[PDB]
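Given next, in structure tokens, is a single chain: the form deposited in one PDB entry.
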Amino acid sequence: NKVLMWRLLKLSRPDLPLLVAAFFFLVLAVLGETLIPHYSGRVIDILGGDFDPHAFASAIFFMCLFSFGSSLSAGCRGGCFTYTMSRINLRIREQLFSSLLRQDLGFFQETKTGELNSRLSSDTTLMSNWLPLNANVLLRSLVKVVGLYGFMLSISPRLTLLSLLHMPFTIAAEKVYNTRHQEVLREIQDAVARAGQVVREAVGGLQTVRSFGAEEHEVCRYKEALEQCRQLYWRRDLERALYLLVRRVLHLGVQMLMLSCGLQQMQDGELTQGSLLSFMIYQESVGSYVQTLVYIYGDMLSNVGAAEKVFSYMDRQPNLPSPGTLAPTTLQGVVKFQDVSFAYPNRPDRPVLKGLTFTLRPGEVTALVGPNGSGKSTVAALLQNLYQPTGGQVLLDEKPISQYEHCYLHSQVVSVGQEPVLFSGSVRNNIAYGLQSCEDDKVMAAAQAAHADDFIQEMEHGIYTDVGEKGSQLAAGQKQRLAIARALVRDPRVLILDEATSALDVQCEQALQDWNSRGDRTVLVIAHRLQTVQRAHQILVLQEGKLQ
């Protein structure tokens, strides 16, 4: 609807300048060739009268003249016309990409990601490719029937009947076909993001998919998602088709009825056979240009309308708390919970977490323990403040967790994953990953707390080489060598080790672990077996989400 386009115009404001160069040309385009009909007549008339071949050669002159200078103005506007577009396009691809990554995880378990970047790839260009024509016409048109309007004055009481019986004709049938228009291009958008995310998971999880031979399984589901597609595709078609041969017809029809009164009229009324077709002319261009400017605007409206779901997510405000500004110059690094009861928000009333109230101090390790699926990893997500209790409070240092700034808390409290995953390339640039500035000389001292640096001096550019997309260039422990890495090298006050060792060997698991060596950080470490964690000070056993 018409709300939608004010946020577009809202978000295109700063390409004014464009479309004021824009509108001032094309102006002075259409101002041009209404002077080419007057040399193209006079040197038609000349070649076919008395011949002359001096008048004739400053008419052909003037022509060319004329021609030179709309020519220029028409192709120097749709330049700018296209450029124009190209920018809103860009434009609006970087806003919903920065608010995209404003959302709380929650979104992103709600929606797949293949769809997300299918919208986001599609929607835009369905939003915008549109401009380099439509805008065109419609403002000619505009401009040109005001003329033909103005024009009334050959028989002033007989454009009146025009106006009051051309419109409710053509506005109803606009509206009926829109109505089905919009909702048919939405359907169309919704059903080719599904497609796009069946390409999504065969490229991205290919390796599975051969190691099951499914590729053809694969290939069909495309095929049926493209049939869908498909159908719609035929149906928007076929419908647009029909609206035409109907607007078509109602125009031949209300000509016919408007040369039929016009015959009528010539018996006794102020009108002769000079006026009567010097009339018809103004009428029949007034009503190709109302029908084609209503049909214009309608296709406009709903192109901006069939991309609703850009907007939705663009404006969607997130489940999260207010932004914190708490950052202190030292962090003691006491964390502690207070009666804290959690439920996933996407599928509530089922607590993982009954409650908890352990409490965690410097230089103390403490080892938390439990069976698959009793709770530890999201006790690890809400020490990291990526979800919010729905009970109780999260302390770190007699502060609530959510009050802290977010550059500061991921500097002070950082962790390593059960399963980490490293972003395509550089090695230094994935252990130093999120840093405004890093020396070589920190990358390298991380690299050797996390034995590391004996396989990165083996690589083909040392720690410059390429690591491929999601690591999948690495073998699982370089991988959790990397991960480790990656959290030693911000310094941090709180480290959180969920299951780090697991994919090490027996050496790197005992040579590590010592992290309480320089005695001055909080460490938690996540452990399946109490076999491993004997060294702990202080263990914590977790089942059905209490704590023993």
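By rigid core we mean the largest C-alpha set that fits within 1.5 Å across both forms. Residue numbers count along the first chain shown, from 1. First, how it differs from the form deposited in another entry.
Large C-alpha shift between these two forms, rigid core held fixed: of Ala445, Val334, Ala476, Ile281, this applies to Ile281 alone, with a displacement of 2 Å or more.
Taking the rigid core as fixed, one finds a CA shift for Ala172 of 2 Å or more between these two forms. Core-aligned CA deviation for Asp349 between these two forms: less than 2 Å. Core-superposed comparison between these two forms: the Cα of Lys112 travels less than 2 Å.
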The other form holds:
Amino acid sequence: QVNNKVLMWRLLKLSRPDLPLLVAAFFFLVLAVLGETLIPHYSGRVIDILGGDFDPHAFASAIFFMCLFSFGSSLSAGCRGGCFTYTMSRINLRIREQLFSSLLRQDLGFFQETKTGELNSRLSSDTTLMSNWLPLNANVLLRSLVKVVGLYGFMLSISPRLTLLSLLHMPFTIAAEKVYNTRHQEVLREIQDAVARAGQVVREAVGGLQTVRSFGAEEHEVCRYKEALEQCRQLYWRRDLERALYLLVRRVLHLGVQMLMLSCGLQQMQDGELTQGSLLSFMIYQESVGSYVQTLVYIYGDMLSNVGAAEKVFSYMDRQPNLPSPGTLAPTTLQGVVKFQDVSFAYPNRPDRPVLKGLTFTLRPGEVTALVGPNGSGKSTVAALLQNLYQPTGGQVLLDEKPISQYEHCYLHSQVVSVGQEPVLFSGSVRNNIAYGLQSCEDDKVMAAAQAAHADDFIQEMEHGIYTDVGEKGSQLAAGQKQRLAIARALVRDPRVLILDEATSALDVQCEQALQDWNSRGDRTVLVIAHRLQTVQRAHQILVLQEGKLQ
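Alternate state requested, the form deposited in another entry (shown: the form deposited in one PDB entry):
Keep in mind that what follows is only the chain, not its partners or any molecules around it.
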């Protein structure tokens, strides 16, 4: 089982930049444990002082030291807790940011295949578990180890013979625990089988009730359920009896070791090698020491059990995108010649079912090229291929005698822009959504774009002008207002190749055509998608696409 080991190694590598916080927390934990373990020793010192002749100075000194050590231990414990919580929060924030940055670079097919709810579940839930995994287990392990070492050091300081007598106890306890666990696993398996068999009959009876009521066999099912419950109860009683017997033998062993230690300590005190306070402190230490070694021996399984809630996100970060390497071509000579040569495309999510069957066409800078066809023909696929959102399975595309995938990612989309079929709006303001994807811009350009898209008429009705807030996913404007906003957002960049996937549009695109010939300026290539041929009729080049074939 090396998968859990490599997962824990990945978690440690992720938590690496939090070394000073963990070191300080460990130091404070050591200080707190050392301060706490001195309390019973000073209690024994006080008890020994009270017996015999009195001495007020020693009593006052002991009480003062008790108070000082308690104060120091409490302060160190508080500091340790604060440090651990802060490192939890830091790890959570770092892993959330890393996962989002890794997920932002995946291909479109991965998002089409996966679901938004699954991504939300992975992002908002598993990261908290990853953050909680390391510091909690580290705190538990360090506390147990330091407590065990300090307690046994104090045993050795007080008396070694009683320490050996205490150490003789462990192997019988370990063997009994192992045997009890081995029997309990089998009993639990039998319990699960019996309860599944019992639930089967109630499921079957509640399923086909009409047939049961038709024959009047209602009490028969109740009797069968009672018969199953009898076996379930018998197995439950057997399990409880086993647990009670194990608890009894553990208690008997603890009593035996306690009585032996008490007798040996009394014999030693009779000889004069011990005192009453030392014996009391030894009893307190003996009471305290067992649970820590139990936690120490179980902590490995406890830690390895919780790792299995972080492999999904690591797999998500480790997924390889199916995208070509980005180019480095950013020229200023981009007059806008676009060519499609034998382009045939198949969706990666649904392969061997092509929608494009060897397109080949040429675009022009000053002229207008329109694409027409019926629903389901796949014009949006042609637009997506022109926007370099997918790779062609055959043929090639050329942008000014260069393949489109060899251009810079940021430069290409600042020159080839597209008004989408269904505009999507974000939670930002109107000005933030108009200048989306732009590092900086001026108000005059935004106003000119609003005027060109005929969106400035309703931009003054709302308060604060273009700085008006927009609802979530743009759930504040009308469909025509959203379309005008999208058109202005596309026109802000002043592109060279402009795709307009109008298709299903209700913005009276007759006004858009009458604005200036579908935004054609004589130096900007325009490709407009229309549902019916009669809707444009003024494009210089017209292409009809049926079943993935040009006409």
